[PDB]
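Asker: Following the hints, position chains E and D with the ligands against chain F.
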Amino acid sequence: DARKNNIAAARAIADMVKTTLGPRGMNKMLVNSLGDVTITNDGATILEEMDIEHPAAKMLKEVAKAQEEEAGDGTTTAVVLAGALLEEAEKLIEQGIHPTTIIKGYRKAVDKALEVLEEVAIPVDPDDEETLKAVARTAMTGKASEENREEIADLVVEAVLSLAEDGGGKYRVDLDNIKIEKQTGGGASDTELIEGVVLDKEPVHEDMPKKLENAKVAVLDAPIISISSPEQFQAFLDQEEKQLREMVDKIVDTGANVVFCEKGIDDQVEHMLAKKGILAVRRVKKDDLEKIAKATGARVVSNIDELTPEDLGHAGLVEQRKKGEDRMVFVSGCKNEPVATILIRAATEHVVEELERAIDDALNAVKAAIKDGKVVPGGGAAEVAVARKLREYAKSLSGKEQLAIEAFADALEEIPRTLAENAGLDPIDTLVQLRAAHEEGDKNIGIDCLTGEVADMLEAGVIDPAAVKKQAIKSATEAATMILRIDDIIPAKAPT
Amino acid sequence: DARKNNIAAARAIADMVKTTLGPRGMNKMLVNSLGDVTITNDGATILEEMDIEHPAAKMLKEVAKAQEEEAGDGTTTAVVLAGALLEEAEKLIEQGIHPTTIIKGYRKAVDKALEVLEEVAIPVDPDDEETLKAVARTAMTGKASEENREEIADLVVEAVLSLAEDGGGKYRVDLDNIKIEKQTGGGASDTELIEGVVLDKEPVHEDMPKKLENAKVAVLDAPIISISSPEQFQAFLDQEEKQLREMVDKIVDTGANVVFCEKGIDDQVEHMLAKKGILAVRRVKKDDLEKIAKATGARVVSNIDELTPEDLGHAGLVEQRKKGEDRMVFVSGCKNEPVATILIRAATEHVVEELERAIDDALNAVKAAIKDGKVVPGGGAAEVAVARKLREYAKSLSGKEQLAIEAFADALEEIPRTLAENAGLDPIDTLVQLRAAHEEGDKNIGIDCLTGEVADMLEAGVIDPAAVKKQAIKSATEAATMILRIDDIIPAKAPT
Amino acid sequence: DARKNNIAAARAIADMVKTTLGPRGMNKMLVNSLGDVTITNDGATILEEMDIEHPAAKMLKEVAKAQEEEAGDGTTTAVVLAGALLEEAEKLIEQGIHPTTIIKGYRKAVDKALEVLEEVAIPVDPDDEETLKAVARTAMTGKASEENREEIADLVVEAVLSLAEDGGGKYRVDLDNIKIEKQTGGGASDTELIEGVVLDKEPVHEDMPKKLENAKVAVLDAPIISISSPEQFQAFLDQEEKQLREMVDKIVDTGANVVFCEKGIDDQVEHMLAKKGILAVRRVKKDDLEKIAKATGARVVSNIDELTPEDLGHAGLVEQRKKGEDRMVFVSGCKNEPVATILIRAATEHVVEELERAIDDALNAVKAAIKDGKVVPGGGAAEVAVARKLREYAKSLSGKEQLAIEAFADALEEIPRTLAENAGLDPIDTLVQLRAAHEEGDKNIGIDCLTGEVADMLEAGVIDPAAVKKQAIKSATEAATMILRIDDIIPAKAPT
Ligand SMILES: Nc1ncnc2c1ncn2[C@@H]1O[C@H](COP(=O)(O)OP(=O)(O)O)[C@@H](O)[C@H]1O
Ligand SMILES: Nc1ncnc2c1ncn2[C@@H]1O[C@H](COP(=O)(O)OP(=O)(O)O)[C@@H](O)[C@H]1O
Ligand SMILES: Nc1ncnc2c1ncn2[C@@H]1O[C@H](COP(=O)(O)OP(=O)(O)O)[C@@H](O)[C@H]1O
Ligand SMILES: [Mg+2]
Ligand SMILES: [Mg+2]
Ligand SMILES: [Mg+2]
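Residue numbers (the deposited numbering), protein chains in the order written: chain F, 19 to 242, 253 to 524; chain E, 19 to 242, 253 to 524; chain D, 19 to 242, 253 to 524.
In case anyone wonders, no lab produced these hints; they're calculated from the structure. All the pointers check out, no bait thrown in.
For chains that are exact copies, the list does not tell them apart, and a pair is met inside one copy or across any two.
Result set (DSBU-like, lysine-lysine): computed pairs, CA atoms no more than 35 Å apart in a straight line:
1) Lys399 / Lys471
2) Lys521 / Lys219
3) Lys291 / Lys270
4) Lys200 / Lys126
5) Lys351 / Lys402
6) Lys130 / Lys351
7) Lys304 / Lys322
8) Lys304 / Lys200
9) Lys399 / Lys200
10) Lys502 / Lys399
11) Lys350 / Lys234
12) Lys270 / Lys313
13) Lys83 / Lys229
14) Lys314 / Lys228
15) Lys521 / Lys502
16) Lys395 / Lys363
Same shape as in the complex, but just chain F:
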């Protein structure tokens, strides 16, 4: 039963990532043969860099990548939903239903599930500050320490509003637009709007002018013998420094005094650069060099011979500040576009990476809420409500598709069970309580794992974007369907 094998692999992955769904998600550790260890709880990373020999499991890589690409939040929800769906799919094949009937029933169930989630979702305007804060805190939940939730949420909404580039209603709040720097120790209170891309590199030369107001900023990427007579070596050195003098002279004619180069340097090169007072940062990556080019306004000039004064950018200020331990050039005053890198502070490296992922997910969720403008109660409330209306449809429908739709409802309801289990509550009792609550007509009662009870989510500030849950259901459906659609593993000829 190769299908049983594939389902078992998907089940193993689903159970592995089940434990990391919620505020109290028990983190997982990623150890490799090199010995490096990273503590993470966002399921994206967990599905990213885990060893999977099984190819049916290896499809869930692509499922998670699609989820992150469209939605940016809800990979763990999608994988757990796929696990529960394949649970009930397996034991529906055990009863005797053909797999194609299961697929057809799941397709109908998920069409109606998306419709129901559209109906139940409560709308939100982009000016109700408390609702945006609630969305931000709910998504932000999972990975930060409990202390700095209010602070990071406040900074999230502040950055989203202040950097709100009104591009015809759809604000272009990109992940690489908001200004944070990474550094060990200190705290998260350095996630402020510093109008420029800050590089974690020291100045090459001490007497290099650290302060330069209205500096003429340039962006470069190029890397900055036969001897016959005794003085011929000195001659090659002389002409090399002469052509260096010529090129830096025509650079200075443009007026450039601040440079961030993509490649390395040499001691003599940086010395003669600092002779005139020129900043030079080396080994800047492709992505962050492009970001600096966008921010500073100086177009990247591979062939520097055609550099002109028109090609140069400008920055309001450049300053070297000894913040914390590491020395860095705190560039501030890049006035053309809001451009930045996803680099964020915390106490330790594990917490640094955790907070980086968490702030990224926070901006993703608030961006989705602003764009789509439909928010659904979280904490398992949406799942239970959709399961109830699916059971109503099952009462409407008849045949052996009703069994498949009931299976889909139970698989959807497995998410609140997991969310309660990770919170410490007993799963069956609180699940029955949620069902009883939703049978009384109200639809916002869920699970809030911070207080460890069942309560109204809307008054508890536990609300997730509608589109995130829609894409979670869709990705789980495609995962379960296309894992069910396989029959048997065969050796495929390797491309030569």
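Answerer: Chains E and D with the ligands only, in chain F's frame:
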């Protein structure tokens, strides 16, 4: 039970480092495949250069590093506290409490623990000499020999006061500021204020002027053929020596006569340097070369062609003294900044390293005491007091968090048990005596392992800074929490 | 029980060195992979070039090195005392005393032991010739044949008195100051004051002037092609011969006629040196070249171009004497300083090394006696006396430290037991006889292994300087303590 496995690894490390907590810390022996052996007892080394295949253990490296970075003392206290915390956490999970409840209880317990430690701590002014001496002796405890405790403590406080750079109240008593030199044999009575960085290297040339008052000191870092005719090789040699004459002549025009170079030399080079009477020390590291540049005032000149008289430093004296066995240039008279290296004398190499670590910890603790200005009774007194008030909080609180807080109290109380056990006293009897003593209202009764009894710590001069114990509790909490939050071991994809 | 494992290793080394303590020290053989063998009985070597994979035993390397550095005698006594101390410590931890109590007791015991040895030591003037001879013979004991004891003792005291450089009371009788040459066969009667460093090298050329009274002695260290036309290589040879003539001409202008070079020579070089009658000895080591430079007064001149008549030294005589088999230049008449090498004659190579070590130890002992001027009766008498007064202290003291002090007394008394065992006497009977004697009030009764009885050491000329025994006790204490303070072996990260 991968969580049980990780708890077991952490409890192996905790029990290994348990024996080295106190004045009578039974030292540990680190042996490597190369066969080199160093004897230490300070926990930082033991956590630094031990082998750990276990990844959950490998996190405790990062915990210890963070402890050292912020505080610089209390790594052994942090690890033992983490061990006891995971002991009680494990026994709480066998009872049946969910891990997340333990995490929440520990968080609340540790918030109140930091608050309690804030209240109980007795304040100190920076002029009560006996109190500073007591703090210095308590921190110096563990590693220095019993005989020279008074001597090294006196020198510690003398150096701290005399080199007290009043930078707006916060004295910049850095570890690389106080003047000691390393040498085998002799004694610790050479930890005196020699106003300059002393290098453990002999003069290159005998007739090099050993004494130079008000010497013009320079700092350098640069390293100091086709033949056709009979005399082409000789002409090449003539040109190389000629350009050597020109560069050393424009050096002499500046007036430099004392140099400490970062790189090697040659016999002809050292000779023609000594021809004019120029000192040259080779293979100076990056850190100590930067220290020499800061002390002497001569900026490091990579491109020596631009060296000017303005670029040269000055030193009151340079002298070669045949102190002990090794010949060294005892540089003295660097008048710009207080800069030095952590190099200290003792009898044998093991005692040399032990004394170096001890003096480093001593300046760390006195610096922390001067900065924060809050001292707490040591010898387990602070732990017992905080445990008692935590039990009072437990009596106040109700629920299954009371069990977690009682667990935290027991784990905090484990430290005095360890300190008594290493001192030779029976742990249960003396712990009960400490609890009874704290139940009578007094707060300073602890364990003093020098006298091997229970006595007032304040009268015995056994007092640690408040901040070191605050960070010990915090780091132990973070370690226990983030080790509890792990679930399973999964193979992670190695980055290509 | 890793501490038991370290104690066992220390016991193994202690027992392996035990047999070589005393005049009748049964020697030890050092066989290596290369197959070379050296017969030694002095403890320094048997601790130096032995394999010790065990790290706890590897500490005893450093213990022996420290002992040799400070005292240079009594390493075997120190290691045997450490073995006995750890013996009784193993007994006491068997009983149940905690190790820290043992350490404290040993510390107090050894403080009082040093005090007791100070009280009991008999003073010596440096003019009482018989006492100095007795001290010299006592230390010189251990290694030589029985025939040449009086002889070598007489030469030792004669050299010490005649080369007595009165440097403010502390005579600088260094090991590298007294004149002996090494040569196979003959006898020890060539240990005479030959006022100059004698080199074991033949003259390069026969017609070199073997006799040169008031010779102008120099000291050097420097080591003494494209073809176009047929005469081009001849031009190269002519010019090289021309600069050779130039440098040797400006050498002769100074007047140098005797040279001892650090590096090799060539046949043409030595031929043209002997053309003018210049002595040249090659492959002179760094140490002996520096010694020759000090003795002859000719400073070592790396760059010979600056050699002047003022830079040349003078020697009263240089002569080639065919003493024994090997041909050597018997340099005699270096009038500046007393400087020499530790090279001594005997019959065979094993015996040559044996008397070399023995004369070194003899000079160290008489130097220590003259410096400190306090001598204590050897032959186990000092150990028994200190043990008795330690037992008196034990009777004074009360508690479980009394057991540790009794342990120290027994470990200290183990030395006379070993000294009797190697002499052939029964250990317990003569030990009891010594104890009974010392209970009668006399303090000089010991063991004399030459006569193989128990007798008064002062009339038997068996006396070993007090500082040697003081350092023996101190090193044994530190070794035993810092071997007891270890708990367990752990693998250490190797430095990359
Ligand atoms: N404050 C909260 N209390 C209870 N449940 C929450 C809370 N915030 C989020 N959740 C639940 O966690 C789910 C998202 O979990 P998360 O692990 O953050 O997703 P991802 O791993 O994809 O980022 C939501 O669907 C919601 O049901
Ligand atoms: N003189 C003393 N007597 C008894 N206990 C002491 C004494 N000095 C320090 N301690 C205890 O040792 C603890 C610190 O131990 P130590 O090993 O020096 O820490 P670290 O290994 O982090 O440097 C203190 O918190 C205190 O309880
Ligand atoms: N003539 C002697 N008769 C008996 N015992 C002696 C005599 N000379 C020395 N000893 C004993 O030998 C001890 C020194 O032994 P030795 O092997 O010379 O030490 P090391 O090996 O360190 O040089 C002394 O402490 C003394 O007790
Ligand atoms: Mg999420
Ligand atoms: Mg400490
Ligand atoms: Mg000896």
